[PDB]
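Student: Each chain, letter by letter, is given below.
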Amino acid sequence: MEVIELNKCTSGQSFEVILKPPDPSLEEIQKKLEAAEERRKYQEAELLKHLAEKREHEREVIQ
Amino acid sequence: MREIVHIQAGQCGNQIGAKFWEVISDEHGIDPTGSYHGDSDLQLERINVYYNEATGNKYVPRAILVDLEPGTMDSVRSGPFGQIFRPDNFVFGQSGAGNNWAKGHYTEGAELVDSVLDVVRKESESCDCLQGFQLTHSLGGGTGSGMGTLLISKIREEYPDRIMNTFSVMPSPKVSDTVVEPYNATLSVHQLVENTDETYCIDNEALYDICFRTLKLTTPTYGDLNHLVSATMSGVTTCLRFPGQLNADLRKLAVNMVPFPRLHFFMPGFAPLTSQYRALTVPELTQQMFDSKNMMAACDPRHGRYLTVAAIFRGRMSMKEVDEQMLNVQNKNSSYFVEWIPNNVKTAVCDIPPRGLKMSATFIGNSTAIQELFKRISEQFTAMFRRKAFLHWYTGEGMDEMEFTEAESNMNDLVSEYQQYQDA
Amino acid sequence: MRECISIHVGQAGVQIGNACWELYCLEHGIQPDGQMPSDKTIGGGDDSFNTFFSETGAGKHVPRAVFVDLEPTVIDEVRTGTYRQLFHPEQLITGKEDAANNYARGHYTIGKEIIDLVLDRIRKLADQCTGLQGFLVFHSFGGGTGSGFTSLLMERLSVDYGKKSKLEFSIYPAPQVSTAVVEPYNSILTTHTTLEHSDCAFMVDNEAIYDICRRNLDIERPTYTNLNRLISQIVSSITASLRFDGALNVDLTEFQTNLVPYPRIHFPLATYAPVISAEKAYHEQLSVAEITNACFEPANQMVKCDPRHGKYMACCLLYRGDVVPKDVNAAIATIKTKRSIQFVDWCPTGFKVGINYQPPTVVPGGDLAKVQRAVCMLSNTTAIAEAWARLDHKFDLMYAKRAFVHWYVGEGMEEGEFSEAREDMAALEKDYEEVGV
Amino acid sequence: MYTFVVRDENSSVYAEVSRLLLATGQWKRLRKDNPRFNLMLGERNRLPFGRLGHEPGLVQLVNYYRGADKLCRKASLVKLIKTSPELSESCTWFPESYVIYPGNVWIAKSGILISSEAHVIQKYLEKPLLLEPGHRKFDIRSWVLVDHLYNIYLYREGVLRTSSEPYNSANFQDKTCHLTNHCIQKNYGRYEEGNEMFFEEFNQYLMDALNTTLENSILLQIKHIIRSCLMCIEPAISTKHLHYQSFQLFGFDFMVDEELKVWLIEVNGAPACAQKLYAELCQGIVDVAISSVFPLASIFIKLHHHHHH
Ligand SMILES: CC(C)(C)c1nc[nH]c1/C=c1\[nH]c(=O)/c(=C/c2cccc(C(=O)c3ccc(F)cc3)c2)[nH]c1=O
Ligand SMILES: Nc1nc2c(ncn2[C@@H]2O[C@H](COP(=O)(O)OP(=O)(O)OP(=O)(O)O)[C@@H](O)[C@H]2O)c(=O)[nH]1
Ligand SMILES: Nc1ncnc2c1ncn2[C@@H]1O[C@H](COP(=O)(O)OP(=O)(O)CP(=O)(O)O)[C@@H](O)[C@H]1O
Ligand SMILES: Nc1nc2c(ncn2[C@@H]2O[C@H](COP(=O)(O)OP(=O)(O)O)[C@@H](O)[C@H]2O)c(=O)[nH]1
Ligand SMILES: [Ca+2]
Ligand SMILES: [Ca+2]
Ligand SMILES: [Mg+2]
Ligand SMILES: [Mg+2]
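Chains as they are written, first to last, in the authors' numbering: chain E, 6 to 27, 44 to 84; chain B, 1 to 275, 280 to 428; chain A, 1 to 437; chain F, 1 to 102, 144 to 151, 159 to 166, 180 to 247, 252 to 362, 373 to 384.
Worth double-checking, as some hints may not be accurate.
Unchecked claim - Between beta-carbon pairs, the in silico distance windows are: (1) A:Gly365 with B:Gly56: 50 to 56 Å; (2) B:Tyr36 with A:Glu423: 39 to 45 Å; (3) A:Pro263 with E:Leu69: 43 to 49 Å; (4) A:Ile335 with E:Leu11: 19 to 25 Å; (5) A:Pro263 with F:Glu345: 53 to 59 Å; (6) E:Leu69 with A:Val437: 38 to 44 Å; (7) F:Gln340 with E:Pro26: 53 to 59 Å; (8) B:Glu157 with A:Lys96: 20 to 26 Å; (9) A:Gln128 with B:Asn332: 33 to 39 Å.
Stated by the list, open to error - To give an idea of the chain B side of the interface with chain E (calculated C-beta under 8 Å), a few residues: (10) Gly56; (11) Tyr106; (12) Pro160; (13) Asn337.
Just so you know, the hints here were simulated from the structure itself, not pulled from any lab data.
C-beta: ideal position from N, C-alpha, C; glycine also.
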């Protein structure tokens with residue numbers, strides 16, 4: 006058991022004791054943030070397309 | 001996300017909706033004319049969630065009152081807390097809706113819907129951060145059922161990113177105004193499956209039985225049913241109306257309760273059931293709120309499995325004992341909670357008790373046993389629909405038999421979807 | 001010296017920030033208003049504490065901190081709290097609408113509209129630095145902001161500051177103090193996307209801190225305040241070498257070299273003794289041997305696991321108080337022959353000891369008693385993979401049914417990112433087993 | 001009302017423990033993948049020990065000690081004995097074994161080879190004790206229960222798994238005289258039923274033929290080997306202070322030579338009991354291992380010795 010690299014100072018000390026030896046770019050991030058926004062806007066479009074068909078059925082019943 | 005906009009539609013919607021503002025105005029120390037006369041600062045800390053502030057330090061509910069006849073809305077204004085509501089938000093037609101979904105959804109209500117949305121926009125405009133909408137209605141009549149779902153579809157178009165929650169009273173032969181309720185309810189259920197984030201299934205069957213069997217009221221009025229409803233409405237809004245270190249809005253709660261988008265129909269419950281002197285112990289609250297007898301939707305939770313559960317305990321009690329009891333029922337009845345959603349029962353405690361009770365507990369269960377409710381209305385529907393009985397009331401207002409066939413099929417699909425996760 | 005910027009993301013990140021910066025203030029003798037009487041070079045400096053604090057002409061000592069949250073209510077309590085004067089308002093960034101415990105909402109939806117602002121406010125602090133080391137990032141695995149927005153930040157911080165090191169302080173989800181049901185999803189998603197961007201990460205299972213607060217502080221139902229004050233002691237222990245005079249762990253690069261040889265396996269276990277209640281009338285003070293020996297008891301670890309069934313790549317004992325080298329060596333001599341401490345073949349079986357003579361500082365009216373000597377052992381053991389296995393199993397159960405998935409997909413995220421992220425975690429579990437068995 | 005899960009369907013021992021638990025009205029069985037249990041009756045390979053003791057408000061117990069495989073695999077057992085100071089290379093009760101990866146008679150094992165030419182390569186006991194009438198080899202099986210506290214309980218009933226064929230020094234290829242396993246025999254049942262001699266008879270034979278007892282001549286050495294083996298591994302596997310708890314039933318296989326010396330052959334992690342003794346042992350597993358941790362509404376002998384030096 007050896008006590009190596011002992012360093013001392015006024016507020017403390019440290020040592021080691023050995024018992025035994027032996044990224045995507047700014048383009049691709051802003052791209053795929055927006056690709057999720059395209060799917061977000063397509064899904065909201067599909068909803069407002071679906072709700073628009075309900076509005077025309079509502080007109081067809083009263084007519 | 002702080003402000004909620006409340007809408008109450010129809011006779012039922014306005015009746016239970018009036019009781020909601022009666023209960024919570026008492027809890028927040030707001031008197032019948034709108035002035036604050038409380039004591040705790042906790043009563044005003046999140047008062048903006050349900051009230052707007054007016055001149056002279058008056059508090060006005062963010063509440064819109066809808067109906068196709070004046071009758072019930074004249075009773076709201078005459079009633080105990082009726083003076084607190086903003087007069088501009090009373091939006092009403094004259095001819096009524098004769099318990100007819102078609103009248104509510106397609107003809108009479110179509111004439112009135114846009115002026116209701118003008119008042120919604122007026123309220124939504126002066127909202128720092130609108131979190132969503134809440135609605136009170138029955139599915140058995142015409143206005144609340146037909147127009148209420150029409151409003152829900154219109155609100156979703158104009159506010160597609162906001163949360164839509166409902167307290168939806170389900171019809172029953174035991175508390176029945178007309179034979180066509182199953183028709184109106186089936187048409188409404190299909191709307192809610194599409195357009196709401198959470199729907200609290202208040203079953204008048206269940207409220208009757210709780211009043212009859214477990215409260216010993218021989219002849220229960222609507223007030224006795226509505227008493228049980230308002231206790232639950234208060235309970236489910238507690239964690240938004242107060243703190244207590246809980247950092248949750250309607251969306252955050254919706255995200256944790258709804259694992260599948262179509263299956264958002266909850267089984268409400270309350271302990272203790274009232275119409280007392282001895283305060284309940286934490287073990288009693290836990291056993292009662294999980295008991296079938298205390299369920300506001302007439303289903304047997306043993307016939308299904310819990311996808312998620314939420315429980316909010318009110319009063320000054322041991323949070324250690326709450327944790328212990330909530331863990332006791334799960335670990336001793338673990339078959340009835342799905343293993344494929346770990347830790348699906350979550351709990352909160354609020355120090356302020358409701359009026360009268362020293363400590364209470366409100367139960368929100370997303371169980372697959374709610375298929376029983378939808379099966380019962382599906383059976384009543386088909387009994388009449390197979391002989392096209394009473395359809396003339398709906399075809400006279402422009403509807404086709406196809407629309408009924410679709411709605412029958414959409415609800416039977418919901419039932420099949422609930423069965424899928426009950427066996428998984 | 002070289003400066004360190006601390007970033008606090010989400011409720012958990014922010015409230016843990018509060019506790020740390022409160023504690024750092026008491027340790028360096030900095031007061032709430034920001035004055036430090038013992039500091040003689042007014043207007044600037046290159047002392048060890050200047051790595052964490054900057055200085056102004058009036059004498060104020062200002063944290064190199066950025067607080068980020070997608071809703072205001074938690075950071076509002078920092079603006080109105082005891083240390084309100086300490087921070088400049090531009091450090092405290094808030095949105096209006098939160099991530100609703102949804103990774104996808106925090107990362108993609110709401111993340112996008114605030115990421116460019118935050119990096120700008122981070123750049124305002126980096127430009128005050130003569131030589132930036134890098135970042136200490138504080139967040140929860142379970143929250144939507146904590147999981148989602150943090151991973152977007154870490155992606156951009158690699159681009160804007162490629163030469164700098166990034167350390168994580170992560171709160172791993174515990175059902176007993178969480179009301180979120182979808183944390184397993186959030187935790188795996190953010191671990192997948194943050195992995196290549198994080199140099200060294202210190203996990204803290206809320207389960208372990210909670211039971212320490214029950215068992216050792218006699219607290220019946222531990223609050224976040226109980227947990228955060230205990231966490232910030234561990235955090236301080238870990239960061240003390242960056243803030244005080246010393247030769248062990250003097251910069252952020254040395255944490256990676258000492259603790260992380262295999263780059264992907266960068267999750268060192270923290271163990272900490274002693275935790276003693278202030279309400280305790282009679283306490284017999286524990287020795288160097290006793291508290292060093294407590295570093296190998298599972299019940300003191302930040303994550304509950306069994307180091308005996310696993311292997312070490314690195315160990316570091318950071319002592320605070322009356323401790324001397326020979327007491328530490330005699331304690332390690334005793335412990336080696338009793339306990340099962342097996343190292344990997346390519347690593348030297350050894351300990352890097354760091355001692356600071358100043359005993360741990362305790363928060364006035366806190367739960368922790370004053371102690372003569374304490375220690376935080378940082379050991380890179382393969383046993384911590386136990387935490388990944390649990391998380392991954394929970395993930396697998398929910399994901400098999402597609403439960404809750406629609407909430408993520410509805411915020412623009414693709415279903416494929418779920419199984420893509422799980423496969424990284426599947427490889428990570430495999431990497432740990434190769435090394436440790 | 002406690003709860004358990006069963007994840008080993010082959011286990012003849014814990015099938016009976018499962019049955020005995022159920023037949024009380026205080027233990028409900030759950031599904032194989034339910035997390036909310038008190039007791040796990042676990043799988044042999046890859047038991048998920050990392051998932052135990054993390055369910056709040058449930059004291060969790062499992063029927064396997066993690067790391068106990070280092071005693072039960074043959075390769076590891078040999079490496080354990082040579083490397084541990086308290087057992088050592090000069091261990092008197094273990095045959096001389098060596099590890100090579102895939144009187145001078147040896148035996149190879151992990159397809160068993162007994163020769164002088166030619180896994181582990183072990184010294185073969187050329188002059189064993191031979192029962193009479195028969196002139197035949199045997200091995201002794203002792204069942205050992207280590208509970209959550211690390212109390213080492215030896216079960217009073219063991220069994221001699223006998224060879225039926227006369228032992229032969231020259232003829233090695235004939236396996237039925239050298240190998241004394243229950244499956245390899247099935252002269253199957255000439256002298257005793259299913260080649261199983263219980264302790265009452267074997268004591269009596271020693272009294273009559275050798276003028277000694279089982280307790281003195283053999284069992285004192287067995288108790289010493291069991292206790293030395295388990296206390297050696299106690300620091301590595303003990304679940305004292307741990308967030309979950311473990312017990313385990315082990316099977317110790319012994320060989321008694323001509324001069325009445327006992328030798329350790331193998332320790333077994335998932336042992337099966339003898340047909341007669343199931344009912345008593347499995348009730349013992351319940352009383353001592355399970356009911357101590359989970360109380361409801373002696374067949375063992377405890378191994379403890381504190382000699383001061
Ligand atoms: C951790 C803990 C236990 C808090 C928790 N963890 C998951 N969940 C929870 C609890 C709740 N979860 C909810 O989703 C919730 C929904 C809520 C909130 C407000 C209003 C309405 C509503 O439909 C309404 C009420 C009156 C009305 F007139 C018309 C409609 C519903 N309330 C909760 O207390
Ligand atoms: N230790 C500790 N854990 C916390 C604290 N606050 C929240 N958590 C944990 O963090 C997880 C929830 O994440 P939060 O940080 O609240 O969520 P968020 O990052 O604000 O994200 P959103 O709510 O989605 O905007 C749960 O596991 C909580 O137990 C805290 O102050 N201390
Ligand atoms: N060194 C030795 N000297 C004499 N006989 C030996 C021996 N090693 C093994 N044997 C014999 O070989 C038989 C089986 O070998 P061993 O006990 O090593 O493996 P095993 O797997 O068959 C036992 P189990 O299946 O009960 O765990 C024993 O019954 C024993 O009689
Ligand atoms: N619980 C409860 N149910 C009601 C109340 N009023 C009506 N109902 C039920 O609601 C249905 C009738 O709808 P109603 O609201 O009167 O029709 P609308 O005014 O046209 O919406 C029937 O199923 C009734 O049982 C009430 O005050 N409380
Ligand atoms: Ca008209
Ligand atoms: Ca200075
Ligand atoms: Mg009516
Ligand atoms: Mg948050």
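Student: Hints first: check each against the structure and report whether it holds.
Tutor: Structure-based check of each hint:
{"no.": "1", "hint": "A:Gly365 with B:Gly56: 50 to 56 Å", "verdict": "violated (42 Å)"}
{"no.": "2", "hint": "B:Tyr36 with A:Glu423: 39 to 45 Å", "verdict": "violated (57 Å)"}
{"no.": "3", "hint": "A:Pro263 with E:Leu69: 43 to 49 Å", "verdict": "holds (47 Å)"}
{"no.": "4", "hint": "A:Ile335 with E:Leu11: 19 to 25 Å", "verdict": "holds (20 Å)"}
{"no.": "5", "hint": "A:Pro263 with F:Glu345: 53 to 59 Å", "verdict": "holds (56 Å)"}
{"no.": "6", "hint": "E:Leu69 with A:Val437: 38 to 44 Å", "verdict": "violated (56 Å)"}
{"no.": "7", "hint": "F:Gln340 with E:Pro26: 53 to 59 Å", "verdict": "holds (55 Å)"}
{"no.": "8", "hint": "B:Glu157 with A:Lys96: 20 to 26 Å", "verdict": "holds (23 Å)"}
{"no.": "9", "hint": "A:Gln128 with B:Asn332: 33 to 39 Å", "verdict": "violated (55 Å)"}
{"no.": "10", "hint": "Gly56", "verdict": "violated (42 Å)"}
{"no.": "11", "hint": "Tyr106", "verdict": "holds (5 Å)"}
{"no.": "12", "hint": "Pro160", "verdict": "holds (6 Å)"}
{"no.": "13", "hint": "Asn337", "verdict": "violated (39 Å)"}
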